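Student: For this one, chain G is given, so just place chains E and A with the ligand on it according to the hints.
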Amino acid sequence: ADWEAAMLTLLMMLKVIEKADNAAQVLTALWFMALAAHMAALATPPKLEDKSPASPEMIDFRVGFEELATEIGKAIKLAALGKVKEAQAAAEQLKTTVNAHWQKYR
Amino acid sequence: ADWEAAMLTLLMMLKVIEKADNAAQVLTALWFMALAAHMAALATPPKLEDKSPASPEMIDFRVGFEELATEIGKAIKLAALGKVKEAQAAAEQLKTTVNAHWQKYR
Amino acid sequence: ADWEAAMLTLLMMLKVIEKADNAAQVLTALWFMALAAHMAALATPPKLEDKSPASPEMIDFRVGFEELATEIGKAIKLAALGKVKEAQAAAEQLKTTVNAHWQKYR
Ligand SMILES: [Zn+2]
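Protein chains in written order, with this note's numbering: chain G, 44 to 149; chain E, 44 to 149; chain A, 44 to 149.
So that you can see chain G by itself, here it is in the shape it has in the complex:
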């Protein structure tokens, strides 16, 4: 995968979670989110195609996605135990990290 594809996928999965009903619908979406965050962690963003792989912008771009995946894991564990409303609140809070990570590298 590439970068903006992962970002757009995180957005759309957050919306699906916003309109989900049962714990399975929330859980598979959160797993799609984890997959997209992982792929984006392996990606190269628009704002730094030719920086150094050891350049602070480059590796901060990836610590950002590790950070996002941690909150995703919190939300996943909530969804698996059936805590649907708790997981949806965790996801609406995930939105902030998603959006801030997005605009920082558009």
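Hint data in this document are derived by calculation from the structure and do not stem from the laboratory.
Treat the hints with caution; some may be incorrect.
Identical chains blur together in the list; that is why a pair holds if it fits in one copy or across any two.
As the list claims (entries may be wrong) - In silico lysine-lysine, DSS-like type, Cα no more than 25 Å apart, as pairs:
#: 1; residue 1: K147; residue 2: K90
#: 2; residue 1: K94; residue 2: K117
#: 3; residue 1: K117; residue 2: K62
#: 4; residue 1: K90; residue 2: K62
#: 5; residue 1: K117; residue 2: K138
#: 6; residue 1: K62; residue 2: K94
#: 7; residue 1: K117; residue 2: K90
#: 8; residue 1: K62; residue 2: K126
#: 9; residue 1: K94; residue 2: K128
Tutor: Frame of chain G; chains E and A with the ligand shown alone:
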């Protein structure tokens, strides 16, 4: 993702496979299982938050998930060729590895 | 996951994309494709079980899957922006890379 989220997801996907009908339902679940095992391989479990990354407990925790993903790949290849009953038997055997890996790090 | 499981999964997801209707059906399939390509990048194929990890056959087998995942990311970004027909054309072109990578390591 984090650890117990992946473990709970493997459990739930194994149950879905236990109650699946066609090869697609088994195959996508087995791919969710592979994704969860991969994420858990990248995770830090409850029983060893502050061990060494080169501590035998730490890396054995991860060889365990590599081991699990191998059997998952067997089951996936069975499901893709349409061998639905074969893949479900492979998954009910996957349960043992899943559960033993679980209790070992609760 | 293992190798031929990932290859068969890429084939089947390409067929699902060939018969998809809305952007979500194309997008989740393309994400299953990215996941399978990633797993296969972490796999060991049939034609080189006991080569060197630094053997040119071995690492070329994996640059091939990095290459495949790049086109998958293109198709994902197309699907996320709602460009359904564009993403399906990108996938029917993905088929060539998939098949050539397949026969090269059967
Ligand atoms: Zn990975």
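Student: State for each hint whether it applies.
Tutor: Against the structure, the hints come out as follows:
| no. | hint | verdict |
| --- | --- | --- |
| 1 | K147 <-> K90 | within (9 Å within a copy, 36 Å between copies) |
| 2 | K94 <-> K117 | between (32 Å within a copy, 22 Å between copies) |
| 3 | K117 <-> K62 | within (19 Å within a copy, 27 Å between copies) |
| 4 | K90 <-> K62 | neither (32 Å within a copy, 36 Å between copies) |
| 5 | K117 <-> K138 | both (14 Å within a copy, 24 Å between copies) |
| 6 | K62 <-> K94 | neither (39 Å within a copy, 41 Å between copies) |
| 7 | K117 <-> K90 | between (29 Å within a copy, 18 Å between copies) |
| 8 | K62 <-> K126 | both (15 Å within a copy, 23 Å between copies) |
| 9 | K94 <-> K128 | neither (42 Å within a copy, 34 Å between copies) |
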